[PDB]
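The other protein chains are all here in position, but one chain of the complex has been omitted.
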Amino acid sequence: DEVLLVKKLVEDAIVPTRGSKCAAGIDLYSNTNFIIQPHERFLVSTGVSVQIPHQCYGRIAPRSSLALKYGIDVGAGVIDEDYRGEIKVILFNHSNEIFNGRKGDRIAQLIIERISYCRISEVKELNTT
Amino acid sequence: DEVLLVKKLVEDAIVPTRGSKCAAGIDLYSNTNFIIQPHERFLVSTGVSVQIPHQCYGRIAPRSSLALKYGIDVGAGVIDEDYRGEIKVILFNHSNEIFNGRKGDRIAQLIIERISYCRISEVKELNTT
Partner (left out) sequence: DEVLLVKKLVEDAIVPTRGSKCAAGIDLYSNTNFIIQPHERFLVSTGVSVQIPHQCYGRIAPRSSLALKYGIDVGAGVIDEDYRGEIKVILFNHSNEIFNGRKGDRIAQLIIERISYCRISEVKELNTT
């Protein structure tokens, strides 16, 4: 059993949703209206915090439609399993047009990626490949 | 046993290839010639669809050489295990020069990432870290 726990930080926050049965990504919603000028960026608040399942992290990924239509990209950051702050998404507007975001819009996806917490060891030489 | 199934949507599509024994990424090939103006973007067609193995997704990743030499980046999107459409890659040209892409060029990589389909649960408080 694995569960992503979600806390609403404000009453009208939208709990992230999985869009299809085997959607890799969980949709993240903006809690505010916002404007991104051409070739600038904006830090978008989702209104939620999360507790990621053990030995995973949450990767922020772009929505394809916003990339295609509007030139929006998202930093591929990292929501750690121990992070308890609000999820906030940095959107880069790589177009020549102002981007208008609305409260309640889907603006990114969170993917629950399996990772290794391997220890790190310094050595004088690596093996050959 | 895990297998990535690939359907050619056009007869001259190139089946994606794994480049070295433990290459994380599978090379994606353009099915068309294309031009990307400076500081603009272009949606590149690969000519294939795929069926990703269970409990994985396909992440689109940039080729390092195109980033280094030409300032190309790729959105880090998400090919879901249930997606049966053509794989199309959004390339951002963050340089001051026109980028000329050719049919048959390697233009991105697909990485088959392990993920969790955890359910999502709203709670009033998360644990402390």
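Descriptive notes on the structure:
For reference, chains read A and B in written order, and residue numbers begin at 1 within each chain.
Everything below uses one rule, namely that a residue touches a chain if its C-beta (ideal position, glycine included) is under 8 Å from a C-beta of that chain, and two chains touch if they have at least 3 such contacts.
In the complete complex, the hidden chain is touched by one of B:36, B:44 or B:76, namely B:76. Remark: the residues of chain A touching the chain excluded from display are 22, 39, 41, 43, 57, 73, 75-82, 90, 92, 94, 113-129. Take chain B: the residues that touch the chain left off the picture are 2-8, 15-18, 20-26, 39, 49-51, 53, 56, 61-62, 64, 67-68, 71, 73, 76, 82-84, 94-95, 109, 111-114, 129.
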